[PDB]
Amino acid sequence: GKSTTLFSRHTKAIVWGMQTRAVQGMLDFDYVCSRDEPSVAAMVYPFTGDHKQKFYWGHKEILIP
Amino acid sequence: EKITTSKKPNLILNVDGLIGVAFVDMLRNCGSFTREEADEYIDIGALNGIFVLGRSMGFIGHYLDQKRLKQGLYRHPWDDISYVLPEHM
Numbered sequence: 001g002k003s004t005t006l007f008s009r010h011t012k013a014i015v016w017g018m019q020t021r022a023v024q025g026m027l028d029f030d031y032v033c034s035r036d037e038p039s040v041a042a043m044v045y046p047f048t049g050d051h052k053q054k055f056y057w058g059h060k061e062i063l064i065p
Numbered sequence: 066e067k068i069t070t071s072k073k074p075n076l077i078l079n080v081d082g083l084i085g086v087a088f089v090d091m092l093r094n095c096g097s098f099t100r101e102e103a104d105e106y107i108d109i110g111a112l113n114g115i116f117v118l119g120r121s122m123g124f125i126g127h128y129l130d131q132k133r134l135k136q137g138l139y140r141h142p143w144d145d146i147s148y149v150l151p152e153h154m
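Each protein sequence line maps, in turn, to chains D and R. The first sequence begins at 1 in this note's numbering and counts up by one. The second sequence begins at 66 in this note's numbering and counts up by one.
Okay, chain D solo, but in the shape it has when bound:
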């Protein structure tokens, strides 16, 4: 079954790839739309191990694996 409500205010994603600029823009969008959590939970890049990237939730800094 194909859904009819694709996105929501609780939609969580995994972005595939090293796209710090675009995921920075997406977390910027999650902040400016007054959301509670980031839309991005994790990133998947096969050429690098598991670490944490720092991001801006407004002024505060968070870590995304």
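Heads up, none of these hints are tricks.
Computed list of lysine to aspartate or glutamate pairs in DMTMM-like fashion (alpha-carbon distance at most 20 Å, straight line):
1) R:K67 - R:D81
2) D:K60 - D:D30
3) D:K60 - D:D28
4) D:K12 - D:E61
5) R:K67 - R:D90
6) D:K52 - D:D28
7) D:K12 - D:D36
8) R:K135 - D:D50
9) D:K54 - R:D130
10) D:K52 - R:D130
11) R:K132 - D:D50
12) D:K52 - D:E37
13) R:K135 - D:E61
14) D:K60 - D:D36
15) D:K12 - D:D30
Pairwise CB distance ranges (calculated):
16) D:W16 - R:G114: 49 to 55 Å
17) D:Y45 - R:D144: 22 to 28 Å
18) D:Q53 - R:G119: 29 to 35 Å
19) R:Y128 - D:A41: 29 to 35 Å
20) D:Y45 - R:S147: 30 to 36 Å
In case anyone wonders, no lab produced these hints; they're calculated from the structure. Even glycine gets a Cβ: it sits at the ideal position worked out from N, Cα and C.
Fit chain R to the given chain D structure using the hints.
Below, chain R without anything else, positioned relative to chain D:
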């Protein structure tokens, strides 16, 4: 120190000052050193060695931390350098 803190409020003995004076105090003021043995260890530089063997712990701690947080290469971006090369040599 009592004289200098009247000049400015900050002006306190550093820990890099206090270990120097307290270690010369230890050397030439406890036993076991004459004043040509205690002053020879100061003229040679055995007070460099205290700071070096201390700061090796913090350096290896920084090394293990930078490996464990798994950070890649640092590059020092070009808006911190301000190249000042001559005109045409």
